[PDB]
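The chain below stands alone, shown as structure tokens; this is the form deposited in one PDB entry.
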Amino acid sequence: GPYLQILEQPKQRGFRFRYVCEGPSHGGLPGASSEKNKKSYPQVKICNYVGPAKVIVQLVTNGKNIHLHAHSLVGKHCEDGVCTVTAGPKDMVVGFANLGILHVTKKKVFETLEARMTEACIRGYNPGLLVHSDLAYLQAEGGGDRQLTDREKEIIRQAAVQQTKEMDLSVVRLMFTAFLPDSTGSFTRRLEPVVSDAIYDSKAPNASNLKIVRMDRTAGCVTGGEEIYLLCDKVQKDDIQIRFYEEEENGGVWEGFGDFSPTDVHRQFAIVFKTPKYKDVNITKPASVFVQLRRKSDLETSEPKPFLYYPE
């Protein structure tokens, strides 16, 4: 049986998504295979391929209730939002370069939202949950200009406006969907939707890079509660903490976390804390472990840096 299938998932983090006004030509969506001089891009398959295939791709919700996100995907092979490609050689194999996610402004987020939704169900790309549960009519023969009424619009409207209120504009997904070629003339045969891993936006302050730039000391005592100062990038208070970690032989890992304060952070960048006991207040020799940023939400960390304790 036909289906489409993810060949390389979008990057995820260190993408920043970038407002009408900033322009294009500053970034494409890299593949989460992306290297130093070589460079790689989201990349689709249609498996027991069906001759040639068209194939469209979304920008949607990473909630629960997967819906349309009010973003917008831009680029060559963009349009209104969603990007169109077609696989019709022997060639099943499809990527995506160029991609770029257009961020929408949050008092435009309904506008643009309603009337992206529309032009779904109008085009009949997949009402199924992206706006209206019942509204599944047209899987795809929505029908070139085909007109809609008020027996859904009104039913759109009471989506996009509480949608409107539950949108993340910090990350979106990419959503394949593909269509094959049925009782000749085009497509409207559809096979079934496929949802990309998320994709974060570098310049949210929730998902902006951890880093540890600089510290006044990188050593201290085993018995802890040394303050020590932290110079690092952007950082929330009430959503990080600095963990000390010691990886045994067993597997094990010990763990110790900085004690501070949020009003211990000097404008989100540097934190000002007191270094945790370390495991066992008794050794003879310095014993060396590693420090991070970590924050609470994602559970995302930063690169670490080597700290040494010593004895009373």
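Residue numbers count along the first chain shown, from 1. What changes on going to the form deposited in another entry:
Comparing the chain between these two forms, the rigid parts pivot at a hinge, and of the candidates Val82, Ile46, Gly258, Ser208 the one placed there is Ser208.
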Second form
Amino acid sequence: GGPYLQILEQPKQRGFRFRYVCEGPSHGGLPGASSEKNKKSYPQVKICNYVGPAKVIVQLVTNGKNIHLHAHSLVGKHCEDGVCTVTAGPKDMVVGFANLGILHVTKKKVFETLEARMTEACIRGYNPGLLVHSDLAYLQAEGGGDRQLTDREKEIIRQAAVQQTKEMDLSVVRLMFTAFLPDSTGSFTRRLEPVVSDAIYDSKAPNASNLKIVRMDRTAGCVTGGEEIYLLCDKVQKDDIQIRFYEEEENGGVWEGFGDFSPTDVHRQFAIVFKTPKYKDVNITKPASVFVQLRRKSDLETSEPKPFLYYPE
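The form deposited in another entry is what I want next, because the block you gave corresponds to the form deposited in one PDB entry; please supply it.
Chain alone follows, minus partners and molecules.
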């Protein structure tokens, strides 16, 4: 086999938030699969069986059975018009992608935004046939693979955009990397088989984390327990809800404790009055930080945790 592209590190699949235009810039880069709070990594690909100048583009695509251009935009470092374009130096063939944000289009602007993207892809020759429509492959980036779209082509895009918009999942997206190698003239037009990455799920997708603790009148208490607390939450079912206190131990252990209350203490599904559970060790000499969360007994759904401080008696 000749030259090919290879993903060295996949983007992390979960925990990242897609951002809308109105939210402002720089809200954080897309993490790599091995990224950590101490050792931060990012998506990274490598060009194999070839060493020299090269162009690598990154497009956002769909997570269905048939890959298509996504309506969302890649924004941030080296990004323009929803596409990331970096060069792969003449010696180092490994490319990384830090400070990458996923710009979530609005439901109302999905169709027109998608139409604009397919067009840009058709004008630049960035995988038209694979991402827009089968009979558009004839548009290959020839130092500008048809810098001027014909009338019949805009029609194809229009039909494609409409058909592809009736079923686009705005909460999932994938990265597709495409490498181009210099031709006889030196223009990066030689295309290599693009490779798509794992799927990336929006942390703020509809129904992501439904349960939610808005505020608690107390965030600390005695290890002894039995202390009353007023918790304000989002909608909950009095008979299918509980307050879980947990602490992740040193080894693979996890201490658990439950707030004490009855269905009648759930006030209008938007608040709960309960008593704190006794802590793991009532003889600690220094305060112990733990976590508190709402949990549905039904399907074990939980809300994001909140810190709680247990102190000695």
